[PDB]
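Given as structure tokens, the chain that follows is alone and in the form deposited without the partner chain.
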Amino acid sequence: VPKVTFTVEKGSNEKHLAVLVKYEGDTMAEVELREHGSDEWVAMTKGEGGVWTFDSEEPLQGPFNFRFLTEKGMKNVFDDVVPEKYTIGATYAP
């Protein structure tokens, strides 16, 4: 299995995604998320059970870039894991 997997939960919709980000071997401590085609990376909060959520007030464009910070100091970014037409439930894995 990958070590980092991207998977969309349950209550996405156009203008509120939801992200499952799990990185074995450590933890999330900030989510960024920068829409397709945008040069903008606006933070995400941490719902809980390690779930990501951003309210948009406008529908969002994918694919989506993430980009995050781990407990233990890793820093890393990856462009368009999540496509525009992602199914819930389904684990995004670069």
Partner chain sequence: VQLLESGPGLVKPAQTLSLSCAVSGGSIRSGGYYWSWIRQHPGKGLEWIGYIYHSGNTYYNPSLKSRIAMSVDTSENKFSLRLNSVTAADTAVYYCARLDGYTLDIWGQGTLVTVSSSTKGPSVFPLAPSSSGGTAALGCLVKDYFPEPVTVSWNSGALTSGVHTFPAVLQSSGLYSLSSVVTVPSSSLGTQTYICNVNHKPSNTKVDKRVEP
Second form
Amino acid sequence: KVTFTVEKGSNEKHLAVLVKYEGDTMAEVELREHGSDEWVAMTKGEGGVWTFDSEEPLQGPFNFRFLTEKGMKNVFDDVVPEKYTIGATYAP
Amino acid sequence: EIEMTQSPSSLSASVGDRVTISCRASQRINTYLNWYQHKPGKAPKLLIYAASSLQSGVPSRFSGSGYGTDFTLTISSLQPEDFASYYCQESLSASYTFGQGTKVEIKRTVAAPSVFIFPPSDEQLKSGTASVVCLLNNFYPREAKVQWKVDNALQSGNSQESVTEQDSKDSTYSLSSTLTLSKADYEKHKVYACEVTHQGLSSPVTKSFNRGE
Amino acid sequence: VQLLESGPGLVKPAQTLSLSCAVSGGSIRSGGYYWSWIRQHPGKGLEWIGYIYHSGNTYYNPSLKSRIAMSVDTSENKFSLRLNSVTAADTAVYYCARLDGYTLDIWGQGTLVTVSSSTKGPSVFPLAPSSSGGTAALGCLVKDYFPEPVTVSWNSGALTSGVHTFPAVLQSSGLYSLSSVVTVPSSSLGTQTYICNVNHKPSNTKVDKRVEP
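Pass me the form deposited with the partner chain bound as well; I've looked at the form deposited without the partner chain already.
Full complex below, order starting with the chain above.
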């Protein structure tokens, strides 16, 4: 149903993911670092790409929640690992 | 930690009233804000999410507003089944912190209790105990006094009270007062009386019976 | 999707309280949700216990985390809670719930757990019709049971209007008592039969008591 592909430019202070949800589109996508108590809003880019720019270094694994345009809300824990690979697709 | 503080703590409002309940977050939480209704004995029910989105199937009288720190749940026209505790909840943090709850009670006009008294059953008496029950039915407000009297002697310490929640249609309370005695004690007196004092009664109403008949 | 709590309603102090939540109409293994336990102690608000992701990740209320262990069973489509070394402070209604990342959209019915000692079924006594003009009150006294809850219905659930089942009161004996009452037209006393149906699941006790003049 839902996949997260790590996009180029992703580094310790920038996470870029191509999010593809089958039969729907993302209205909002958020991430939470394994260590972190707070969800952070990602910014919608072109072609399903969502990005987050961090003041401090980001450390995965990364949890995501989202809201689809049709109104579906979900959360997926530890979808993208700490030591992720750019170009790799991660799925629940 | 995010603290969520609701105002007021409790309120009484009449059917048809526009009711508002507030919720304040200790830091900016954008629209990461849900509202729940919780009727005692039932599961909490999600009313509103994302500050203003009405959960599917929830009646239209519930609406939400606000952004950042201060949020408001509005019940546009209060219905008598709406007595509950209402909770806000933040969804910015992984703690999903609840507010402390706001209790909504239904205001209505004064209603005098209908009073009934019940002797102990012969079945109970067989077992060696005697519960005398006095029922105050369908009254408002909640405040009520039950003075037990046995052979015109005023009783105290020997009765326990229980009160219902507000009626879902008429917003009244009912109250039981149960006088408990040993069979021996019970059978040593004749007249058992329950005197009820209430705002709706100009003077106290008494219901009584004689142990024989 | 539906959720249902199951497990003992009575747990001895210092022992482990165990509850399970059966999910139907949906698969836990699919992901997308946190599976949650929330409780309410008598005079208090809603308190988080914790939540668990099906992969195994668990998030616990910091004040309880040392005593709390949650689990998921994808093969049986259930998730569970173990709360160790319980005390009377853990007496509460325990709710399981589904958290979608933002909201708790689906809840179980809640289940009471009393931190405890020793089950007893009720005796049921009639409260014979006491005479309002127009109306008669009748009922059943449900005495001397442990733990909560009991359920009372009238005429197999056919009779619901005018019924007031009072909250149980804990007697000094350590056992509960309550009355259920119903008001009916005086004219119906001749014709209509009135039977209260009392169920106390902890003792597997069911009583049908006919209430007659």
